[PDB]
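Turn these sequences into a full structure, and let the hints guide you.
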Amino acid sequence: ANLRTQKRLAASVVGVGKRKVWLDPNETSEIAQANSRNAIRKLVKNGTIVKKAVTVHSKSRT
Amino acid sequence: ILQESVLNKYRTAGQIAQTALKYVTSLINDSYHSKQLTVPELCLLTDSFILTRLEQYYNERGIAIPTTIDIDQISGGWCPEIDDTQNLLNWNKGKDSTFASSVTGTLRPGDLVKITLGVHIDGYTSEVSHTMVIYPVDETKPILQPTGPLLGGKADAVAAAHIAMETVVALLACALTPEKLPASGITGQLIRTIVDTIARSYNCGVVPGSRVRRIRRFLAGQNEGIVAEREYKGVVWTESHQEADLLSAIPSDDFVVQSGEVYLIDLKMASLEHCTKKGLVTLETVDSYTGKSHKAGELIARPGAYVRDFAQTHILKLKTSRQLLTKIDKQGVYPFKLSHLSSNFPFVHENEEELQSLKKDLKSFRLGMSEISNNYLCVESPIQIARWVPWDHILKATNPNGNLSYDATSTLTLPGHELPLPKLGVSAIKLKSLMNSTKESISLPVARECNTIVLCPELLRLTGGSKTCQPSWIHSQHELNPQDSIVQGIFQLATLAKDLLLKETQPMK
Amino acid sequence: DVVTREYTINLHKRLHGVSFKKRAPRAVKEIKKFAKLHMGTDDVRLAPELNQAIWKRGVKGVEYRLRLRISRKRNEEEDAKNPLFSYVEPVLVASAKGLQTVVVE
Amino acid sequence: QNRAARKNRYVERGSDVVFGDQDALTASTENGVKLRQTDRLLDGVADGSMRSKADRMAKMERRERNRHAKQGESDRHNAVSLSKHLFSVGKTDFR
Amino acid sequence: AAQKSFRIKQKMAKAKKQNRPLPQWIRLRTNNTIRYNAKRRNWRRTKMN
Amino acid sequence: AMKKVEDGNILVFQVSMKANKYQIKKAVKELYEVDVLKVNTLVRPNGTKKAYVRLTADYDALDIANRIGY
Amino acid sequence: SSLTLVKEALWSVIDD
Amino acid sequence: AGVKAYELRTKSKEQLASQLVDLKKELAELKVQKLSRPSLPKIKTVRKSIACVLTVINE
RNA sequence: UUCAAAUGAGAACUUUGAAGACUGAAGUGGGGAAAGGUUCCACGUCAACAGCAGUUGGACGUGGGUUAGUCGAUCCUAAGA
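Protein chains in written order, with our numbering: chain A, 1 to 62; chain B, 1001 to 1509; chain C, 2001 to 2105; chain D, 3001 to 3095; chain E, 4001 to 4049; chain F, 5001 to 5070; chain G, 6001 to 6016; chain H, 7001 to 7059.
Derived by calculation from the structure, the hints in this document are not laboratory data.
Each residue gets a CB set at the ideal place from its N, CA and C atoms; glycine is no exception.
Treat the hints with care, since some could be wrong.
[Unchecked claim] With a cut-off of at most 30 angstroms between alpha-carbon atoms, the simulated DSSO-like pairs for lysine-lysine come out as follows:
# : chain 1 : residue 1 : chain 2 : residue 2
1 : G       : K6007     : D       : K3070
2 : B       : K1363     : H       : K7034
3 : E       : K4014     : H       : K7031
4 : H       : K7044     : E       : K4017
5 : B       : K1360     : F       : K5026
[Stated by the list, open to error] Incomplete in silico selection of chain A near chain B, CB under 10 angstroms:
#  : residue
6  : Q33
7  : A34
8  : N35
9  : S36
10 : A39
Written out as structure tokens, the structure reads:
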């Protein structure tokens, strides 16, 4: 399969880059069925696609 | 298995169909024979009635077959909406007088009306149909039984329908007893033999779509042309059998009917009082395209029934389409209209404002169905007219590749890879070409009779009966050749049924 | 035939004198070699956790000793060569120093 | 866990019993087009036998170009017979 | 570009409508010499000025 | 286009290159007996002209789409 | 030549 | 098929204009089918009937 | 650069995930002018091309897509014609 379009659309929907967004590899057919931002939003809320919180840059030392 | 739960569900599904048949046959006599409703107005009223009846008794339950009213040429599929009435006019505005009944909705005299419908509960279904006939009125008579019997080929057709119906009923009744059958135990060989000789006696050929078959839960044969199945025991009479009978899957040999089983009968007879010659009886589809041809005999229409192929999936871009798909898949695997899926359709009370509400909903549903159909999720159940072809054109034909011609842009696949007559190596595409390629474009009139039965010791006939499908008295000829094996057997069968036990379910008041 | 065993492997002497940008893939290949030697099967499946354990200190900082669990198994596939295959997992422990190999239930 | 598991299991609708095993209604078209999409290559040709005839003919004629290793039916780079600059102390024209 | 003139856009539209292969129902014709489109164009191979 | 119907009560037509928004408004109003709110035009890459036509809320695009046939 | 024979027999049956 | 110029030459001006309008409506009705089906030959006949009518009018 | 799985006849090169690294705000980022012209996006999809490979592609086949009273041209004049 090929979830390139889905990763792109999920990034554009959630408002982050593709480096963040995460696709669970088990729900592959359910993700590949999606070809629309509404479906990607459904997968965002149900817990199939998540946001991957930020890589930290601490300033304790500074 | 025939449990009490199964068979009483069959009974209460059947007698709803019976009383709805009585309702329609009520209404048509109210409208025409009595001192005026159109076809599509009859249809949704009948379906409203059936669902209003279904609500009282009983999870998967509803209408298997939407009520189809064929008229005088159509083997099956005619069941339009109220959306399409002006469309039918302004499409067929330039054509000729034929198909005026189906085009306008008002029925004429001498018009052979084949009604059919069905109802299902938890997958256990019951189909029925009846060929009735319009004949003008008596005015000087006080009671006004309408004047004149029918005489011609349509009379032939009705006679063959009724006689074939009763004979196959009796045969499947003797299926219980390995006795009480004239040896002149039971097989599709015998069934096809007796029905073919009846058809030959009355000079009315069998239509390709007709069949007699087994039923199981959710698997009746409602579609029979679109969806496939491996386990299908039953008999059909198509062009392959026509050519084989002229010479001398659906296997007929390894097939002997047994106790504790439910069966569907569906017989279609196309009359031949002209035609002059030996020839084939095939089917032609009706499209909405005025522009493919110039000839006036062609009918232009849009089918109303659909069916959705639950194996496929595709996200729609359109909100209305996705909501309509919700409404569809919350219904079952049986065909449906757009009117069935709505808010006000059963018509608890009925007025013009509710019909208007339904029309607006329909205007949205057609937009949804556009995208649902452009993607291959739902398909149309086609409108088929019986059409005659003489063997001369076929034998003089030229088919530069036989057994290899697909039709390639037919959308369903199963009517595409058919090969109706493997001998002579002609396919449906070239057969359509030859049917069109001739000024002998003779379309036949057809009569239809459909019943549902079950074998326990008696034959419990869940449809039919004398209240239902009592025949319009007619005046036919070619009335059943004596002096043969099979005819002796048939008459002995008819006499012996009076004792065999045939139970029949009555309609609901 | 079907057996699981703990082992410890000295990667220092196997990666002695290896390019820094080749040290960790060489450790992967040497672990596959190790499993093939001990079990005698060519197909060897590492775990992504073992890959993480190798690549934790980057290409050029792989630990000198690692503690592995090698589990031989059947191939349930339709039909394949190598009817058995080895599956290597990591053992996360205090320190791999001072241990010897033992069979596991 | 048992509450959730008893809520989990299914009722086996009739959609399943019909169309679980089955597939390939409105089978694979060639160019992966919808019902209304205007396929130019194959609108005129109706039947699959002559469709295969045409495809085989195209594959037969593609070969001498595929031998010359073109990027398609559009690469017509035409190479000269000889270049003047390649044949020619002081200034020279190349290093 | 992106602020074209209509002349350039019209020429581009002609080029787009030309950028096709040859139909298959022309192979099947009596006395057909044509087997491919020799005036075919691609944005990367040849420029159309 | 079909989505734009239910979205904005909008029809989508192919029209002449020689035409303009006034003529398109007049033509839709003459042929289909509807009042038009605005027209928006573009020229496609294949050389034709596309026109989005927004109708007033009095008239509904679904009726006109059913009347035409598509 | 099977089509020849079956068409011959079919002509035979339809002519009478 | 289609119209006949010798038939139209007897007709009047207003009948001809009405026939032209009807032919234009029919052609438009065919052009919405032409986008769903590729082949639709009646359009040739009506499109040439329009030209015949216009020729007669200019004559 | 690596590990597993998925897809597939076939995976060093495709997809997802798990790791390790890089550009390091005078970027391997986000947008534009000239030029190009559909290369954008989707669906199928491997004969030729991508100096290995290929299930992938700016390739091949078929479609979709560019909406302005307010952004620009249009108007003004500059050197000049």
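**Asked** Taking only the CA atoms, is the gap from G:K6007 to D:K3070 under or equal to 30 angstroms?
**Response** violated (52 angstroms)
**Prompt:** CA of B:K1360 to CA of F:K5026, is that 30 angstroms or under?
**Reply:** Between B:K1360 and F:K5026 the Cα gap is close to 27 angstroms, so the pair holds against 30 angstroms.
**Request:** Would you check the hint for B:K1363 and H:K7034, treating anything up to 30 angstroms between C-alpha atoms as holding?
**Result:** Holds: B:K1363 and H:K7034 sit about 22 angstroms apart, inside 30 angstroms.
**Asked** Is the Cα-Cα distance between E:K4014 and H:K7031 30 angstroms or less?
**Response** holds (22 angstroms)
**Asked** Holds or violated: H:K7044 with E:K4017, Cα cutoff 30 angstroms?
**Response** holds (23 angstroms)
**Request:** Grab the minimum C-beta distance from A:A39 to chain B and call the hint holds if it beats 10 angstroms, violated otherwise.
**Result:** Nearest chain B Cβ about 5 angstroms off; hint holds.
**Message:** Interface hint check: A:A34, Cβ to nearest Cβ on chain B, cutoff 10 angstroms. Holds or violated?
**Reply:** holds (6 angstroms)
**Asked** Hey, does the A:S36 contact hint survive, CB to chain B under 10 angstroms?
**Response** holds (5 angstroms)
**Asked** Does A:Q33 pass the interface hint, meaning its C-beta sits closer than 10 angstroms to a C-beta of chain B?
**Response** Hint on A:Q33: holds, closest Cβ of chain B at ~6 angstroms, below 10 angstroms.
**Asked** Does A:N35 meet its interface restraint, that is, does its C-beta lie within less than 10 angstroms of any C-beta in chain B?
**Response** Check passed: Cβ of A:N35 comes within 6 angstroms of chain B, closer than 10 angstroms.
In this structure, only the earlier hint numbered 1 is contradicted, and the remaining ones agree with it.
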